[PDB]
Amino acid sequence: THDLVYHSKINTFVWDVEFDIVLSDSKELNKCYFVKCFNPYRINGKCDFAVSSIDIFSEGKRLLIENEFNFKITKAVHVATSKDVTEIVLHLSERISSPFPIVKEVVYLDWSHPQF
Amino acid sequence: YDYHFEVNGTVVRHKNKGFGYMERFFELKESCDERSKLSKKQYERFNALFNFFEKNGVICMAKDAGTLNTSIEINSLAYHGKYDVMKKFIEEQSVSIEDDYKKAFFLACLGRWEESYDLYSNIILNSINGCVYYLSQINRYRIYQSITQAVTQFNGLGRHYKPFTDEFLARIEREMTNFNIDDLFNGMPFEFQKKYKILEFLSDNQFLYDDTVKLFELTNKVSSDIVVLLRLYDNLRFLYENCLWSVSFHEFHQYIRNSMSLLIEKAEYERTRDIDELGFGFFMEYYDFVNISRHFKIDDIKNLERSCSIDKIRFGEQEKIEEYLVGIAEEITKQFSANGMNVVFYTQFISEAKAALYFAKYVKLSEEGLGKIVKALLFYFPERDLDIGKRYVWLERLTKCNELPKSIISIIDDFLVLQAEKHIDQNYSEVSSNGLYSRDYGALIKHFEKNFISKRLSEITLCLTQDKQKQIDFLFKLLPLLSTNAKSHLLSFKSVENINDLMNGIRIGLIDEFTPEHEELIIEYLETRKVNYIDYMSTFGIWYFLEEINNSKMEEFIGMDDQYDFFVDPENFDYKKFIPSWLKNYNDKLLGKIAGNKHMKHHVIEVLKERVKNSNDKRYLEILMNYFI
Amino acid sequence: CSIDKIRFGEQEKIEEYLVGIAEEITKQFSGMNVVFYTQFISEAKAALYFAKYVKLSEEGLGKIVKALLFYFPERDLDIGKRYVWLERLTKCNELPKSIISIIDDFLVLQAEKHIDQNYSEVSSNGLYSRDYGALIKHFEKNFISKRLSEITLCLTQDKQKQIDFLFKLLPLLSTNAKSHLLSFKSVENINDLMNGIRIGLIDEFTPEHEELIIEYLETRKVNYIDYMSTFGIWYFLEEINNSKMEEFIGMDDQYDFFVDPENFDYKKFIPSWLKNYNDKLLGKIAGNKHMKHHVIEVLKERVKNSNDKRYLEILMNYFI
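Chains as they are written, first to last, in my numbering: chain A, 1 to 116; chain B, 1 to 629; chain C, 1 to 320.
Errors might be hidden in some of the hints.
[To be verified] No more than 30 Å apart at the CA atoms, straight line, and that leaves these computed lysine-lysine pairs for DSS-like:
1. B/406 - A/46
2. A/46 - B/530
3. C/81 - B/302
4. B/601 - C/292
5. B/221 - C/309
6. B/422 - A/31
7. C/300 - B/593
8. B/221 - C/289
9. B/613 - C/275
10. C/275 - B/221
11. C/304 - B/598
12. A/46 - B/494
13. C/27 - B/609
14. C/289 - B/618
15. C/137 - C/221
16. B/598 - A/46
17. A/46 - B/221
18. B/601 - A/72
Simulated from the structure, these hints should not be mistaken for laboratory data.
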């Protein structure tokens, strides 16, 4: 947990951990992580409200979320050390009260925007 | 040390005890009557000295100092990235050994390090004043170091490349075995070591420690800025005009980074202090732009942007900067549009091209030059450096100072059509690091052309069938760019029978207005969730808040999801259940609507005040300051 | 940064370092080495300035204050700068009896200097011995200076600077001494009016005081073709209701801003002004509803583009 960072702009965490999770349809995804992109200046449509967009990458390739992604974390594995960081992951998820408390990497698109 | 020469072109006597030869020389230069006395040989020698001093920008003594025009002018093809001219120069036959030294430097600058090393060896053979010999030895050692580092990097790192043949690598390793750069100067003829002592520093591993340590004067808070800038210009001119390869090493790049960054930060600090005192600085030019592009990584540019208000930095010589950018675009096209990609040259040049196109946001670009830059960035920029999202970020940054013209819109439409055509394969997918994809380019096009309709994308949708689903769902995110008939053709390919289909359509943009059946779908989902009580809930709460639903029956689902109740009935919500982190998720539109609700605005104001007072969070503070929620 | 919120460790070693600096101040200015002084006075000054954040014992604080007031050269510490150092020193240690006595000795010495006509106190910070007296009376509501009042009783007419000096320190005197001073010193000029309002001799402005203010403003206006800011603050505060002040707008910007908020151009507003205003004046400005939005915009710009946290504190506390 020495590489864990708390990004407060979007109250999430950056941690190099993959996740094994079971969705609401019993589907199994392995070695999946999340990438958050904080885009407040993003060109927003009528029904778009969220400030940051999250992508899911399983086995090095992203996934298209065509269904409700209600999921529960079954296992969390750290890359630098194979130690299971699950319980800490659940603790942080409970504390944060935000979607996807832990993210593989956060991409800040505010400073690279022309309007910044 | 008999005299000290200012970086602004003036001399001051110090440590000189005998005759004031510098003052006498300046007096002689000022008046030709006193010059007429000198003998013929002395007259020619004075003329040569005057040429040298004017060329090197030494004007007069401190007392004579007046309107000093200190304009930088680096006469080097390598500095301006005139790669075609450098190649032409290398192709042509070299008349002398000085042209061979220039050729070797240009070959080093073009990534042709083997040819440059061989040319340096030839110059060393044929050059034994000995100044070119010493400089060639220095540059050959530098190029050997560069080759070694490049070999190490390529061994460590996307595809396996072997720019230097193992035979050549072994030959250079044997030739440079036990080679000492420290002893190079001491081994030179004593006449050389006397005449050319000033070149000693070129044999040292570090030569910018003095210049770097003099940068602390930019961090003071109590001209230093002009001194630092002129010192940097002096170093650049000396290293480039003299064709020294150490101008490409990490030490010099870091020195330029530090100097430019500290100069900009000092200018920003002066600006803020002046605003605080008077209650309402760094003027960048072509050379500053080139230095920032070449010696700055994208991370360094981002640090500059976040630290300072670079939008307040006026950019000068913008036509020259646009010429630089267009030349970079042409070089990118040559490197990639053709098959002339040099691995060694590309490694170094891609960073400068990326930084130049990133920094171009601050420069007004002519329509034709803007089109050239845009096409080069969109099409011929390698994907291993700019992925789809990064390329979109680069492109959108260019609209800050140049409203998207029709030609640039056509270029973006061409890119979109090519992206769609690439989707015929069921395995090709857009890879983005910023999370931005082709739909983002379409959104930008509609932003600057609201009623713009893409004819070729419309046709591509009008040719789609039930088979190539990839093209189908790709064109769904490009729905606004499609025509009415194309929109109708695409819409038939998705079903909204269940709520999840509605969510997917809304996310992809299939449906933008909630039809009554959509509201009833949301309602049945709410009923099922309520029944099963003993993720989208906040989404529907926001939609009702955002006036995206006029059902007026959602209130039946109040009392289980804090965000939903908070959004449906802000007045009746108990704000002890409010989580301030919610405000960190809403975008500008939702936060502004919350602030303007005229209800619950005081609750959010007090929560934000508590957050700012207890955590000093800049995000909460900026939320409160911008929308005053 | 909020250095007052940083916990200082090894405070005893810090106090010993400060006390040693104080001893060197006493020694160098009692056998001064100019060369050593040149380098060491900067460090002593910075140490005394930064000592505001460290709690000090009575003996160490007394030594430091004595060196700062008496044996710290005026060439590097004005009277106002010396007062600033002292008031900062009181931050972590409320002025005890010993330090109060030291300040009383300093004030008595100041009065003795004023006995000579040539003496004059120069301070760039705008603070003078009256500030030291105000601090003494602030850290103890009723403070009687036996020696200052004794000097007051032995006062004569031949002294012109001494009379006003002892007048500015009236709250530290005794009943008889203050009565003699008032019988001898009459509020007749603008500076005397300011000193009386400060020490508390006058609470409300009579027509004579407003006439003095108007005469000062007339002199300034005639010449045109600190004081103005104070008059503008008073007028905006409604402490002066003469209403003839608006005749004198166009010389200094703070007066124009205070007297007529609506007509003041805000491209000439100085954010730094908001730092001088106290709590009650800040609240009056916030509630004026005439400049409130303009000062809101100024504070927003200062919170964004400035590193000073005072602007954020003001905006968040008073919404000015």
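A quick look at each hint next to the structure:
Proximity of residue 406 of chain B to residue 46 of chain A is assessed by CA-CA distance (about 26 Å); at most 30 Å being required, the pair is judged to hold. Between residue 46 of chain A and residue 530 of chain B the CA atoms are separated by roughly 27 Å; this keeps the pair inside 30 Å, and the hint holds. Restraint check: the Cα-Cα separation between residue 81 of chain C and residue 302 of chain B comes to about 42 Å, which exceeds 30 Å; the hinted pair is violated. Taking the CA atoms of residue 601 of chain B and residue 292 of chain C, the gap is about 19 Å. The hint holds against a cut of 30 Å.
The straight-line distance between the Cα atoms of residue 221 of chain B and residue 309 of chain C is roughly 18 Å, inside the 30 Å bound, and the hint therefore holds. Of the supplied pair hints, the one linking residue 422 of chain B and residue 31 of chain A holds, its CA atoms being roughly 28 Å apart against a limit of 30 Å. Proposed proximity of residue 300 of chain C and residue 593 of chain B is supported: the alpha carbons are some 21 Å apart, at most 30 Å. Note on residue 221 of chain B and residue 289 of chain C: the hinted pairing is violated, with a Cα-Cα distance of about 37 Å set against a maximum of 30 Å.
Of the pairs offered as hints, the one joining residue 613 of chain B and residue 275 of chain C holds, with about 19 Å between alpha carbons and a cut-off of 30 Å not exceeded. For the proposed pair residue 275 of chain C and residue 221 of chain B, the alpha carbon gap of about 20 Å is at most 30 Å, so the pair holds. A hinted pair counts as satisfied when its Cα atoms are at most 30 Å apart, and residue 304 of chain C with residue 598 of chain B qualifies at roughly 26 Å. Between the alpha carbons of residue 46 of chain A and residue 494 of chain B the distance comes to roughly 20 Å, so the proposed pair stays at or under 30 Å and holds.
Annotation: proposed proximity of residue 27 of chain C to residue 609 of chain B is violated, straight-line Cα distance about 52 Å (limit 30 Å). The straight-line distance between the Cα atoms of residue 289 of chain C and residue 618 of chain B is roughly 28 Å, inside the 30 Å bound, and the hint therefore holds. At most 30 Å may separate the alpha-carbon atoms for a hinted pair to count; residue 137 of chain C and residue 221 of chain C exceed this at roughly 37 Å. Proposed proximity of residue 598 of chain B and residue 46 of chain A is supported: the alpha carbons are some 21 Å apart, at most 30 Å.
Restraint check: the Cα-Cα separation between residue 46 of chain A and residue 221 of chain B comes to about 49 Å, which exceeds 30 Å; the hinted pair is violated. Proximity of residue 601 of chain B to residue 72 of chain A is assessed by CA-CA distance (about 35 Å); at most 30 Å being required, the pair is judged violated.
Hints 3, 8, 13, 15, 17, 18, counting from the list given before, are not met by this structure.
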